[PDB]
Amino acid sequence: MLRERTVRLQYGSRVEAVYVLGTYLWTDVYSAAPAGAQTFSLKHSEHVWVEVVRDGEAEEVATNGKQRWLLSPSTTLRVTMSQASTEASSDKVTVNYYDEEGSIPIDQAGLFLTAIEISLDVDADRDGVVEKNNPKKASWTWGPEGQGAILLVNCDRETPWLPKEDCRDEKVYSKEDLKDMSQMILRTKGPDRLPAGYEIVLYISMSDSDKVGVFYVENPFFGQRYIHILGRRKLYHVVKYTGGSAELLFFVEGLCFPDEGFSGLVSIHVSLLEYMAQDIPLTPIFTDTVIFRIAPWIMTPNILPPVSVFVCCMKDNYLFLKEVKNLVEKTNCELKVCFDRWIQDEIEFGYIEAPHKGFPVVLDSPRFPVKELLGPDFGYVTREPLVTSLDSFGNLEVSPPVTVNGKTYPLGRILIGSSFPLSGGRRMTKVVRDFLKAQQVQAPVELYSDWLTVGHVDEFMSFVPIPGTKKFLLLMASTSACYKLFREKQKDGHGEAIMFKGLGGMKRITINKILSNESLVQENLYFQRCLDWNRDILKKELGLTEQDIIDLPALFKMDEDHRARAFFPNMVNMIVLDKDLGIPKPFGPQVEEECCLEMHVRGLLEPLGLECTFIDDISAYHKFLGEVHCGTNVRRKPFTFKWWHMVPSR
């Protein structure tokens, strides 16, 4: 009893009204009084509480009292009920009107009430059970103390017959599909029927009609069928009312991720409608509302435990396959192989989670859906066609959880390679950046990757965990680290060491030849400035100190556009399987039958408990022109931190 509703008595006639629990009536008795009438008394039934209110002061009135009050516009009734009517109910309020003369009433106005309970319930407290009429169910708030029901995008595929994800249609073919959906229960209590002229309607806005699907299970105790009642091209649905205590169970699916202009919030309504007449719209005399937040797409940083490694390459790349298999066998992970870097630049494994359910979701941006991917509890979302090389999951990274100036990012931050504002350089397309920002929970940061020919952040940075700790390291490519090492080996008398040994397609490149190349030195000094510009952003935006950064030797060649391409394989772009790192084999100068780049990287990483395996992904091609033709992608366990416990900035 909190919402006040105006119900007036009608001159002489009797008014019959449905009373919805959780509301109360203010009732005008003065306008219905006959002319000249001076006082009024009233009767009412047991389950109707009635107060006379005389200038804001309310008085509780007995059921069968003979008390009279002076008729005044400022004297009214407040009518409240707390139990729903049954078939044996006669819930009424009766007003008698007296003139100044006698004590026998001169007219009588009546209010006849049918009390029903209506409540559209969702799991706004996020425990996977639909509580009864959560008071905050019509709002959605972030944080551990926040509330509001969560909805998944139903983008997996329960049956392989149809080609697209489940939410692409308005059908449910398998009852296993319901496990992905959020439950919404219409709870009602009342008599066998609604009084004449009323109906209960579920509805959504046209805008939300491509955001949700709402289904009902028919004949659950035999051959089950699932009816689409709200969503695409279905804005409302007249509910069949059942008397007594009734619950109608609905299943809600999300159809759309948060994006530019869609915040993730969707509303479903139930209204009790009153039939006024033909040609008049039905009046909504009571409306209950629930809100859902569609769960965002979340990316998984390298610090999360690996579940399975996805590998794409050619069928005769035996060295690569063997070493990746050896690497994965040091771990508990599964290996999945597909027979150039599309598995790393075109595909990205993220996940979605609600309190009741969650599963991995892969986004695909072609430059056909990978068959070894979409399926049960594996979501697959493809980009809508119609970009530069910066539009690539290679130009996207996600950091480990970080705290920055007291502001925590419990799911890390997405990093996007870009150019300088006034540069006129390349930039990831606005649709991609807007989509990532719209997910909110991994507050993206733009880096500087347009100094690279390909333009991907994974060409110069990565994160590894520190084994046995909750800490991580940022790995940065470093040309200065490479020149320091080479000048050292040259001073040590190894200037004639040859690079790219074991690659017959490659030039007689030595350390001496590299150090004597003045043009190459200037180029890599400039590229170090580009790396250091990114270093400063990462430290600022991720809360890093110099103690959290390892510089791995790298070397670049400048092209006509003044952009860098790897001189030898970029070791920073590695497979991170907890303590086990699969590092691209550099093919550096060999000092004592051992690559001096390999031994240097081992000296940097192994003291930290990291185990280095160098993977050869180029020997099958016989030469390196800056391109990796093999890809890998790791599906990781989701964060234990639930995204809805976060508090993003406004």
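Positions refer to the first chain, counted from 1. In this text, the rigid core denotes the largest set of C-alpha atoms whose superposition between the two forms falls within 1.5 Å. Compared with the form deposited in another entry:
- Aligning the rigid core between the two forms and inspecting 276, 238, 217, 431, the C-alpha positions shift by 2 Å or more at one residue, which is 217.
- After superposition on the rigid core, the Cα of residue 459 moves by less than 2 Å between the two forms.
- Once you line up the core between the two forms, the Cα of residue 305 stays within less than 2 Å of where it was.
- Annotation: Cα of residue 177 displaced by at least 2 Å between the two forms, core superposition.
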Second form
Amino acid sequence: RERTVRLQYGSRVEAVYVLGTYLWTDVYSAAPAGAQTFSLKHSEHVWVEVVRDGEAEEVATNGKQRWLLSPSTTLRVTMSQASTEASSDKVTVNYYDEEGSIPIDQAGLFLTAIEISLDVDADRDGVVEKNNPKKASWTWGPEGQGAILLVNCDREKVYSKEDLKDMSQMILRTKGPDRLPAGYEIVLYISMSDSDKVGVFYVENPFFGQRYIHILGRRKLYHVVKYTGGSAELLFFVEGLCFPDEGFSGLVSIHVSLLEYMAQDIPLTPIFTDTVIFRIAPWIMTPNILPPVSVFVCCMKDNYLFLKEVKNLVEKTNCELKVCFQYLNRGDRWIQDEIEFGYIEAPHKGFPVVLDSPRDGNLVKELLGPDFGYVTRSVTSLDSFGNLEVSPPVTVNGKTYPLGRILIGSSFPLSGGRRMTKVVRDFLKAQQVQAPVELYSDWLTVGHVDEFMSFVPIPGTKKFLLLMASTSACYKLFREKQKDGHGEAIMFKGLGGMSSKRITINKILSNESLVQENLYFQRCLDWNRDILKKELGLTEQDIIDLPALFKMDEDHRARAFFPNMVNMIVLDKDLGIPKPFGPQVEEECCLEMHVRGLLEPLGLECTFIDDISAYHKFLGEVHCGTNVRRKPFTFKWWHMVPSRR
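Go ahead and give the structure of the form deposited in another entry, now that the form deposited in one PDB entry is out.
Only a single chain is listed, so you will not see partners or other molecules.
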């Protein structure tokens, strides 16, 4: 970093020198007319080279050497240490005419050397290293570098060092004498565009106590920073205001400049500028294979079997159970549909962050606990978080997705069908590290991917399975039981509001239109199976089909005939599975027995959970919801190398 400083014809030049740079100095312009040669002297801590046509020669502090004056003969000036009060740092040039050895004039350069570095933790260990030479760039991957910012997820003032504890540190390190020379100041600044992406806090007046003031952000694009002599550090705390999105990459920049005062009405000159970049950490979703921490449940207060059975399930684990009831502004599934658990992470810190999309809007929301960051937002059913899932880590065609891939239900491109809102799809895409895939959920009345699919770990391995609803599996099973003489076996036993229908296996198998409707739904399921296999790199060995059955509405879309078992609580080996209420054979539900026969040999332990008995019947709607909060991946997101956007 070479900087231009010219000796002034007929005056001394005084300049601040910033360590890490060096000066090239024109001595030729300040030479009086008619002068021929020049010599120079300089102080102990200034290094001076004479550079003639690109060839550099170090010069002593007081020599008598002379050089011909010439536009192509210049000085190179460097200093390796900042000035103190004991410093007189200078270079003096004397000029000579053709005749005689006594100087006819002299021009000089008086220097004050200071160290200025805006430092961040670019090497991502949680401590702010000195002047990381890569701090002005942000690169992905294990060898990648540059500092990370967390969004402030907790929804002109004064803050202590406690309130800012979760933000990122940025330190302005300086070294120099008691004061900057006359006409200089130091200024921290950001662009107008970044002003809604970040905020920066600082103690403006530490003699009055440490009261952190917001100095950069909305409406404040610059802040003059007071210079302290000697070795000094100013500590700033930095927060992100928003996640990456359509139009925002996640990258922001903060600058510090030493500015020189020219004159009134003249802008100040940026003598030196140092830049750090941050990337705001993306919101990341947790798949079913990650260790469960807490199980969240919502239901009506009187659904007693559901609560007892969920509690019994969780007691088999080390998880905590959190019970929530219904609310005026929210659907009956809201803990599943309106709330999504995810996390954010920086080298120094991370925490869980909940996305909230209340049906009727927000009316206070925690009630979820202080441990969570919280982010709240013409909508269709496809906008629900029931329509959002994420796969376990996969590798596809040699490309690794170490954080898994987000799955979103949609309709065929030319179908004119429903689609999750663009703003939410754009958000998920912009987080980049989960590389989302759209599935086809629009053949379902409600239109949620969690109605037809889920993932479970295979106990005692690092592998997993895709679970798919299958109508073909159900028809096969019922046809077998009928052939076995079980055709009169009744479903919905114990649901009094279903009894008059007297639904048996025979009655189901003889309903011709229902058969055709379910062949079609199987085609819809299989279309998904194929996308999942392609985009997750799965084979048929990775998939288990659970029996399901649907009825068709007037839009030709599906709703559950009996509860969808695939939407289940996965806590490692233990699975809470919705109780299907299937046909009773030998006083056991043939659906429950079939599912156990598929899952148990893999060491998966099945517990059927009754969420419908309290309602006396089942019309395709479930009035309860569950959500599991999980430990984040061990893999650090910033070690991923995502495809070029």
